[PDB]
Each structure stands twice: as structure tokens, then as C-alpha cells.
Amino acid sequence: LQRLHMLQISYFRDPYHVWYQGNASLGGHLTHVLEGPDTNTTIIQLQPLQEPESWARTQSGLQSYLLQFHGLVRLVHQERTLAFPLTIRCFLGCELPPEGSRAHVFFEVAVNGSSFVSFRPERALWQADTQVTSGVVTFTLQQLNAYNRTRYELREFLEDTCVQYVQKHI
């Protein structure tokens, strides 16, 4: 199993307070941890897979991701009103299938334990995973599918960064 899986659980008590609990596993082994309130997040490699400077850049990218993740949640609230508290789960990663000619990548999002939206990475597009249409789901997808961040930068993170990471460290 040549893969890197990442799990991020975000607990929002309201738009302005989020508590993060996350971790990543490479080849089936725990390798990273995400922990703490938005005001002081700990992001660490459990193994020094990356050198200090390299790690410093990856860490910075994760920090910027969280900042925009939180930003999007506040915008959806601002525009469509969300019912707090709420918990969001992001499960994403990449795998080099044993008999594949290409990496399999994914990013799925659940809200309060139910399917909400998921990324179709190769086309960098988001889809609803819920059975019914909702102002919240629709507006969220509109934002996710609008900007170059929530689309192309994420596609690059999964298809290129994650895959290069697995190829180098596994």
C-alpha cells in the first residue's frame, strides 16, 4: 500500500471558534498529527521524513489551508446561515494502486457525520454527495467550484504534491 491518507476533523462551536483534530498515515503508519484550537494549532511530523526547511514549507501550506477552510465556513454562514455547533470531517489522500497506471486521489467531506460534498480531483470539480438540494450545499459548491484555490491548487496538492510525497518517502 503506497499511499498517504489524511484525516481532518473540525469542530465548530460557532463561526469563530474551531477545534482541530487530524492525522496522516503513510503506507499504513501514523506519520503526522494536527491538533488544537484555531488560535494555536500544532502540526508536526511524527517522523522527520522531511528536512527542517522542507517541513517548514509544508507546514506553512497546511496553515494557509486551514485559514482558508475556516474562511469558507464563515462565508457560508455569513451568506446562508449555518446551524452551529457542527463538525466537519475531511478525508483525503493519494494511493499508487498495486496494479494501476495512475494514482487514485480523493477528498471527501462530511458534516455532522453525513455525506456533504466530495472532490472529483482530476477535473478539479466538487460535487454534492447529499440526496437533496440545499441553499447551504448549493452555495458551498458555488464557492468551491468558483475560485482557483478550492479548485486547481487542491488538484495540484492531491495529484502532484501528495503523489510525489508517496514516491519519495515510501
The other form holds:
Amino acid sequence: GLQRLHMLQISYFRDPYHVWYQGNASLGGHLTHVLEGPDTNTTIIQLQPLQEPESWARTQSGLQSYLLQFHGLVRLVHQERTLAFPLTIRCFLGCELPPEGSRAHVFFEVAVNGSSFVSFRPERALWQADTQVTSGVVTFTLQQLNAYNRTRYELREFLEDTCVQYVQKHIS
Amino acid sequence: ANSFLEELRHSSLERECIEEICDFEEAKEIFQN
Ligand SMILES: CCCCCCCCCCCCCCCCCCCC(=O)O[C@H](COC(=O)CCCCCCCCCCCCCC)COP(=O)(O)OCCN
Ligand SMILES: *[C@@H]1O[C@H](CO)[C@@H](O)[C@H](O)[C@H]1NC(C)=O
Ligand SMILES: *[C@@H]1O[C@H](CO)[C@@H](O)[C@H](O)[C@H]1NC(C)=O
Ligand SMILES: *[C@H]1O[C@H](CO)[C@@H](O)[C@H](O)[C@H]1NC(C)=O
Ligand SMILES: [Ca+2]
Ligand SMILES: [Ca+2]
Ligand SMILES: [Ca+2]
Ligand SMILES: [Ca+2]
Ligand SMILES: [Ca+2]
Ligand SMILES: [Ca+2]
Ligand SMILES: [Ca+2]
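The form solved without its partner chain done, now the form solved in complex with its partner chain:
Full assembly next; the chain just shown is listed first.
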């Protein structure tokens, strides 16, 4: 059967400094988690006790750090290249484990204002444009994402290692 | 030079161009001319 963990995050930016997050995650077709709130107080919940208290607290901590870094990157693109506000960003990501036993397929696609923007390529851990409209914003965003261990290798590891282990443990 | 989210820090001749190698845009961010 095709075992998978999907994660969705919508970020509504009224301006550079304020964001409302809304997201969720699912194992197969089953909703498992919800995320919602302003950047200052984002509630992250597992609908079922999949992880024990300590392990859940560690996951929540990593997700909160990610949210602050995501917001930081959007603020940086604005400071460096100017973004037109309000804007909405959608991140859709996950890991899918083939029944046969081949390597897990992963993805991380970013859309802005409902249109394809950039997406992650796991083979060499690089980001590419999904839009054909060239702009200083797209060029700069890709330069930043492709410049650091954090946004390349650590991100690939979250998808191929953390996400995959989570699917193997909580679905079985 | 740039490291993850370092660019949210205020520009600095010392941190960016003396302690590290800076590219032209990093230098311009310091000059503000
Ligand atoms: C798998 C465990 C699952 C546990 C249960 C799931 C919990 C679900 C509850 C929440 C609902 C899901 C919605 C949120 C999904 C968040 C994704 C988290 C990914 C994450 O933490 O990434 C880290 C890197 O972050 C970074 O690199 C930060 C920035 C990333 C780039 C984002 C791209 C957007 C581009 C915006 C640019 C601006 C454009 C301007 C218009 C690496 O993961 P790790 O820290 O765990 O380390 C692993 C290595 N060891
Ligand atoms: C999951 O998050 C997405 C974000 O686009 C939202 O549209 C969808 O309705 C959410 N699902 C639930 C069950 O809330
Ligand atoms: C996104 O859409 C809003 C509302 O329509 C618009 O004001 C803003 O300029 C757009 N921002 C983009 C495309 O970055
Ligand atoms: C990536 O981050 C820095 C490079 O500036 C370095 O300290 C680290 O060793 C690099 N990662 C690996 C696994 O080598
Ligand atoms: Ca600049
Ligand atoms: Ca630096
Ligand atoms: Ca710099
Ligand atoms: Ca700088
Ligand atoms: Ca010094
Ligand atoms: Ca330095
Ligand atoms: Ca800069």
C-alpha cells in the first residue's frame, strides 16, 4: 500500500511583520494534526496521541523554530528585493514510501498567491523555479534557499529521514 | 559572506567585509549610497 505523510501550511501575510498560519498533516487519508494561529501564538496539535509527551514536545519545538525561520526568510526577501503585501504562501510537502521498497519519494512545493513559485528537488537538494516569469524576487529566493545547509540538506533530511521514520512508526 | 538568516542582522563592515569576504551587494548594503 502507498504509505505517506503529507503536510500543508498556508501563511497569510498582512504585512512583513504579521502572519496568520493555518496548516495540517495527514497519514494516508487520515487527518492527524492541525496548526493554526498568529506568528506570536501558533497552536500545534496532534488529534490523536501518536507521539508520547516528551517526543511531541520535541516535534512542536522544531515546528515552532521552523515557523520563525520561514517568516524570517519572507522578511529577508522583502528587505532585499521588495514584496507586494498582502500575500499568501502555501507550502505542500511530504514523504511517500513505495510498497516495493525503493527510496521514499519526497516533495516540498511553494505557491504564492495561488500560483506555483518554487519547489525542492531532492536528488541534489536544490530548489528550482516552478514559474516561468523571471523576477528579482524569484532569483533572490532561489539564491538564498540554495545557499545554506539548513535549507538544502537539513530540509532533505527532514523529508527523507524524519518524515519517513514517522510514517514507519505511526502507520506500520 | 552570507550564512542562514544573517542578512536580517544590520550590515557591518567588520563582520562582513573584514572578518569575511563580501560581495558587491553586501558592500553596497553597508555604504547606503
Ligand atoms: C516529520 C515529522 C512529522 C511530525 C508530525 C507532523 C507535524 C504536523 C503539524 C504541523 C502541520 C504541518 C505544517 C507545517 C510543516 C512544517 C515543515 C517542517 C520542516 C522543517 O522543520 O525543516 C527544517 C529546515 O527548515 C528550514 O530550512 C526553514 C526554511 C524552509 C524553507 C521554506 C520555503 C518557503 C519559501 C519562502 C520564501 C519567501 C518567498 C517570498 C514570496 C529541517 O527540519 P529539522 O529542523 O527537523 O532537521 C532535520 C535534520 N536533522
Ligand atoms: C488543511 O489545511 C488547508 C490549507 O490550505 C486547508 O485549506 C484545509 O481545509 C485544511 N483541512 C482541514 C480539515 O482543516
Ligand atoms: C498577492 O495578492 C494580493 C491580494 O490580491 C495583492 O495585493 C498582492 O500584490 C499580491 N502579492 C504578490 C503577488 O506577491
Ligand atoms: C554546513 O554548514 C557550515 C558551512 O558554513 C559548516 O559548519 C557545516 O559543517 C556544513 N555541514 C556539513 C555537514 O558539513
Ligand atoms: Ca541588498
Ligand atoms: Ca556574514
Ligand atoms: Ca552578509
Ligand atoms: Ca548584508
Ligand atoms: Ca572583528
Ligand atoms: Ca562571520
Ligand atoms: Ca544582502
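What we label the rigid core is the largest C-alpha set whose atoms superpose within 1.5 Å from one form to the other. Residue numbers count along the first chain shown, from 1. Only residues modelled in both forms are compared.
Here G100 counts as shifted, since its C-alpha moves by at least 2 Å between these two forms after the core is aligned.
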